[PDB]
Amino acid sequence: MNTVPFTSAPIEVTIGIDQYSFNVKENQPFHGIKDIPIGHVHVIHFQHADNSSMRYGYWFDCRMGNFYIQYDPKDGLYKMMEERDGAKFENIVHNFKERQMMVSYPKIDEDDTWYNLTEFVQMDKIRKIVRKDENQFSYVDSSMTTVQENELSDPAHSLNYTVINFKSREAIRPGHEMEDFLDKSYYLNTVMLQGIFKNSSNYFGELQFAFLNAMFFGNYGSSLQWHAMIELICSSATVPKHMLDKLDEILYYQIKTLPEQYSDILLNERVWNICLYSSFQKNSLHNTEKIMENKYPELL
Amino acid sequence: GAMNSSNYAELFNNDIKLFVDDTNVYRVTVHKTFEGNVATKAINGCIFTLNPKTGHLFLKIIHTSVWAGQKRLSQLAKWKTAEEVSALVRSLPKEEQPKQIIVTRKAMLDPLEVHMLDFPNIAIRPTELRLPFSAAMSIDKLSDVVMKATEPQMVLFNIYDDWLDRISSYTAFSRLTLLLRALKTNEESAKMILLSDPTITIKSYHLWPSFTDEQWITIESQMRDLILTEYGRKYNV
Ligand SMILES: NS(=O)(=O)c1ccc(Cl)s1
Ligand SMILES: NS(=O)(=O)c1ccc(Cl)s1
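Chains as they are written, first to last, in PDB author numbering: chain B, 1 to 152, 170 to 317; chain A, 1833 to 2069.
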């Protein structure tokens, strides 16, 4: 179990750590988060009390270095940083842990929620989507745009998701216009999976990362991406049985974890009804359809 | 975006454009089978692609053989239309290719947009106008060439005959749409109006009769009355 210590908490802020969150008051004696499960990526995120504009946050993996949070009063935010002095990082952390100034990552032993949401998410792939190579952690916020959003404005601050476009020459073979537009299996299997993603694990990993960004930061571009990657599978007549089964699981836990009160904005009515009720895979997502129908029957 | 009454004059500016109507591509007769079930028999069809400024009509004939062994024919017909229009554009010299294609039905938008991905500068648009191009089969010479075809074939027409020598394209289009609307609302009366007088003939190289300017005013009036007539017969007004 690892630790993300904080130099201080100078401004009131709600702090998220994965699917958990807690309030820290202005100048409260808070010095970080302990007992973070090794083995998974994590995200630590922030919404200032005085200005809920800009949720922002950091994807990281404690195996890849020692990371601490320190407020910057010039840029006005909690910044993640890397300490390369291993010994010195251990002394300060041990002090705060002896003084019980850290909250404990609150994992229930029965609970596989986080694993289920990040099963295919890997820090190395995050860093290709979020370009900032001098850091081992990846900053994201509400307002960052995607490469496709910039095609339809700063390239360094963008989310480099894989562009999916159903009415594109990539998606459509000359001479199979009708076939490829009404059945997207070519685009899914040859272009995206074999061509770009190499395997279904990288594809699912981008999909989960897109969903997490959308739900934790309210990033619209991420939401677009998540819906696009779902629709591309659901709109393909030929999908490996193991992807469909895994997809059903992935979506089920995403829907389970979504705040009920954010459903209105985070869930695309057209995409979901199409996916569950009209598409080639309309009968292949049993778990997802059941939770969707019992939890959000309004949307449908 | 969409085409409607506000931007009507754009049809007659000098940016090449084509209307595409697919209402006659897939045509059937419905009938009873020996066992008392229902069956359709396809008949020849056509795509109606029209330059509204010049009157040039590119009539692609759809021979019933293209449906042989296909399923979901109404859906295939929109994709076949789109394929034929894209083949037409590619066959035209660059300076003759349209800058816009306006489809008369919104279901044609995606099929044409996909077939035309190679032509990103060609704008594919819908229209809010209720145009009567479905009545093109009421034009006897066009109907005749469609039903006689034994193979896929493209026939070129000027649907304004020689009218542009005397009127503008805006007036030629308005005449054409009034004629087609009348033919669509009461084909028999419309044809009677057009051919009642044996002294006015259709030239071999034309589709409509050789009316003088004054006779066209009379014809146009009679067609308005017909549309108004039928409107009253329909709604009991
Ligand atoms: N980076 S360090 O100087 O070891 C450290 C300072 C404050 C932390 Cl929190 S961690
Ligand atoms: N702007 S929006 O479509 O409501 C939105 C959807 C998902 C977000 Cl995250 S923000």
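Possibly wrong hints are sitting among the right ones.
Among chain A residues calculated to face chain B with C-beta under 7 Å, some are [unchecked claim]:
#1 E1945
#2 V1946
#3 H1947
#4 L1949
#5 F1951
By construction, these hints were calculated from the structure, which means they are not laboratory data. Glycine is no exception: its CB is placed at the ideal position from the N, C-alpha and C atoms.
Hint-by-hint comparison with the structure:
no., hint, in the structure
1, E1945, "holds, 6 Å"
2, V1946, "holds, 5 Å"
3, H1947, "holds, 5 Å"
4, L1949, "holds, 5 Å"
5, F1951, "violated, 11 Å"
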